[PDB]
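Q: These are the residues of each chain, in order.
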Amino acid sequence: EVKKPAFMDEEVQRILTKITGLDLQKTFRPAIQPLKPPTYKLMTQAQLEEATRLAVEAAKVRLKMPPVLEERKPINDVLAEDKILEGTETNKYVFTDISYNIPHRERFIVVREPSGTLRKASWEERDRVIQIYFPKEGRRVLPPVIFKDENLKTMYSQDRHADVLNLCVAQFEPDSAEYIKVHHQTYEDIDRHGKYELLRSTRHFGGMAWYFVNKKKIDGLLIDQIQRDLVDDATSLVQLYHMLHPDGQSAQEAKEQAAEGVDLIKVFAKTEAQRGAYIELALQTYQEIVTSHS
Amino acid sequence: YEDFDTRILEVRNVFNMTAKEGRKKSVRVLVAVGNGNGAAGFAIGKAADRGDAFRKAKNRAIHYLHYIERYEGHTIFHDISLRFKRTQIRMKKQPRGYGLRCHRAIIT
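Read top to bottom, the protein sequences are chains R and D. Taking PDB author numbering, I'd label the letters of the first sequence as residues 63 to 356. Taking PDB author numbering, I'd label the letters of the second sequence as residues 217 to 324.
What the hints contain is simulated information worked out from the structure, not anything from laboratory work. Incorrect hints may appear among the rest.
[Unchecked claim] Residues from chain D that face chain R, not an exhaustive set, calculated with beta carbons under 7 Å:
no., residue
1, 306
2, 310
3, 311
Just so you know, even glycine gets a beta-carbon here, dropped at the ideal spot from N, CA and C.
Take the sequences, apply the hints, and build the full model.
A: Laid out in structure tokens, this is it:
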């Protein structure tokens, strides 16, 4: 069986990196943090171009995309059931192995319940106690209150989607249900309100486009990329949609006609586009403007 | 000059001994002026009455307006160390939000 493309596949990361884009002014926007007096260097045009190159290298590491994973499976394993200890304790004990050189996903965290059952700690208990003994800057022991739907809607009104996601990466694990819930809620609000530009030149654009491709709703991102004159990006999105859905009618139509470039986007409109009529209209208007002006 | 403000930096009661009046007193006032937009100046006015020394110094300083270069409108372009006679000043360029942390006269 032809392997389903992965998020980290070298080909997918190429397309996702391209459509994401780069902008040194957005990637290195000034942080509202304690400040120090700036430094100054006299540089020639050769030196200045070298410094811009190093800035672009750092902007690549800054834009490294966070993992897209499947939801972890509940831990329900009973190590022992010592019924002699039933009724001798009122509260659960949580035992955590805190040997420094163990990966956190390979640590043993067990719970001795009042009934006497010795069981493995659930995912919620594992993440909470690892924050208590291996604290990570940015994460809190108890789930913050900003992730509630009412509070999240507040952040969306202020166009603070990149922060909602930057907060979701500091607090939750990539495979947790809370992580997936918050990300999928941010991506969905961007879609309905067409705020795709907020996550461009950010590490969160790849996951957003990935989510739309898998959910077969790239129509909005194509209409938005076309209207911004980013039609090379739109073509790459249709290639990624023809890569993760090879047996789709659209992918089979492009093979029949050996479509390339703008042809790929026209094929998508007729075959699998939820709103094909608009994709052609925006694509047609772009061609008219490009042809008419130049 | 409604856009200019005047501040007093020193008021002194000096004395000149005279045969007719003995110890005679005058008011020597040092003022500085500025429009808060880069232009500032200072002058000394002397008179026998304080109100007159204020008028003399205030209108004299407007004739000696320096223009001071501010980096981005909020700070000096670079550190400045100098000795004027026996007074030493060491200024430092600082980031936004640092505020004025200087002699009270320098703050004025």
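Q: Give a verdict on every hint.
A: Verification of the hints:
{"no.": "1", "hint": "306", "result": "14 Å, violated"}
{"no.": "2", "hint": "310", "result": "6 Å, holds"}
{"no.": "3", "hint": "311", "result": "4 Å, holds"}
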